[PDB]
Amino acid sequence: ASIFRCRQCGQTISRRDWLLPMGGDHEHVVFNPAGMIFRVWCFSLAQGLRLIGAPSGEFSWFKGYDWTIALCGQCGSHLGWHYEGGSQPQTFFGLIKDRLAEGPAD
């Protein structure tokens, strides 16, 4: 269990080694304006996504960061968000834990 794939299709997305403890925990639980709860895992790095549109600061869950929707690049499943425009780090990924599958490295 060292890499994370898209649960819906298998696309390679990230690695346990790339988990990032933002504010002391790699895990953050948050809701959007529609009341949906997400268990977000922060990653320094991810791949196999497609970042949609341009960044927005509106309702951002992480102070100083602007967000872009991150879809699985293969199947289009909403996997999380890419954060940018902030400080230490300037950028990171917040990925929705239950949308990934963990397993052995390729």
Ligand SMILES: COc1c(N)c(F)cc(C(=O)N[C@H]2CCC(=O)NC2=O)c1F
Given for the second form:
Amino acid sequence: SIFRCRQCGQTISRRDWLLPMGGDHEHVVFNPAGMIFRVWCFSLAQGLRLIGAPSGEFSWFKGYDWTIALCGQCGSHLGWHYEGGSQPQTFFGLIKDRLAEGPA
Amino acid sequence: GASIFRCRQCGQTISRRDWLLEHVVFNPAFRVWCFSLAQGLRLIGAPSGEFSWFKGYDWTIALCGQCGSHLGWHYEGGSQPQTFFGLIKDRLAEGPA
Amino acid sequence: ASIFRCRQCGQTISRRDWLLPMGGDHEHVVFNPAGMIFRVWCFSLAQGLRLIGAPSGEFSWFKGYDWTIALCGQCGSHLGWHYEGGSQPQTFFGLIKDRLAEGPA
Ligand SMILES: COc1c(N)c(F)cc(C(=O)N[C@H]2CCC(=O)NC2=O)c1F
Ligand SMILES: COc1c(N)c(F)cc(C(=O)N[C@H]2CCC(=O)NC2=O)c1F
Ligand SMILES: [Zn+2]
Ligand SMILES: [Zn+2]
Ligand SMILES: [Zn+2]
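Could you please show the structure of the form solved in complex with the named molecule, as a counterpart to the form deposited without the named molecule just displayed?
Full assembly next; the chain just shown is listed first.
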């Protein structure tokens, strides 16, 4: 039921907050450095630090601008916060294998 | 971020947005993208008409030629166009050019 | 052609053919109530383990299943857990990937 940072245990999200974007909470994507990510979309997250200013370049999600989301505790790259869009205006795409799932 | 399509499992290049030709379908128990062209698949078996979602086309199984994952089907025997590829959205990764 | 062996003693435990995508993936990163973090791979079957204890539903990572601790039957290394009492499948194993060694049949 709760998602923590796999590296340090920082509280990040919850299964209840998963968000099916275009029909599915899970999206498999690659960046221009050819890294493949299994991204889980969440309506809400906490315990992150969002770094820099949003950018629309290479956005996987139509109409959204992204900011890099680090673990606020350990600094590990956990995914991205998306904004600037519609329905919803904002959400988080977190890298599923950087999280640890467990009891509430 | 979404002009090239690759195998989800291993990252083999399969197709591109320029070749798109999102059908939601039900097998007899998918969000399929149709493409005019693809690469890096291996098409296996003999074409079959059984439960073909596309009227007048027979299908052949399309595997990723790099790792063997099942990515969708190749359709032949129809008209306008004669042939195309129907790939399973959830088996692809999307990314930049 | 791939089997998983106990990393400590070499006993054959499971097969790659038996990898099971529970909730969409065979790999789950999980944490127990003492905050220990494990990277678990799900298999339908296994062999050469010894399940200890009565099944328990408390804190199960997989809803609708009870768990029992699974040790290597040969050397006693803690390799994961067995799950039972659910449906489709009724039972399966969550094994600690870092405590296995994968290799040819
Ligand atoms: C700006 O060039 C880069 C470089 N050079 C990079 F090394 C990595 C990225 C990167 O991971 N971007 C993600 C951000 C989130 C999104 O939705 N799509 C992406 O593709 C990137 F954009
Ligand atoms: C009963 O309190 C404990 C203590 N004290 C412990 F030190 C470890 C565990 C433990 O590892 N539990 C696993 C069992 C397998 C599963 O699916 N979920 C878990 O959370 C545990 F439950
Ligand atoms: Zn962290
Ligand atoms: Zn592949
Ligand atoms: Zn052993």
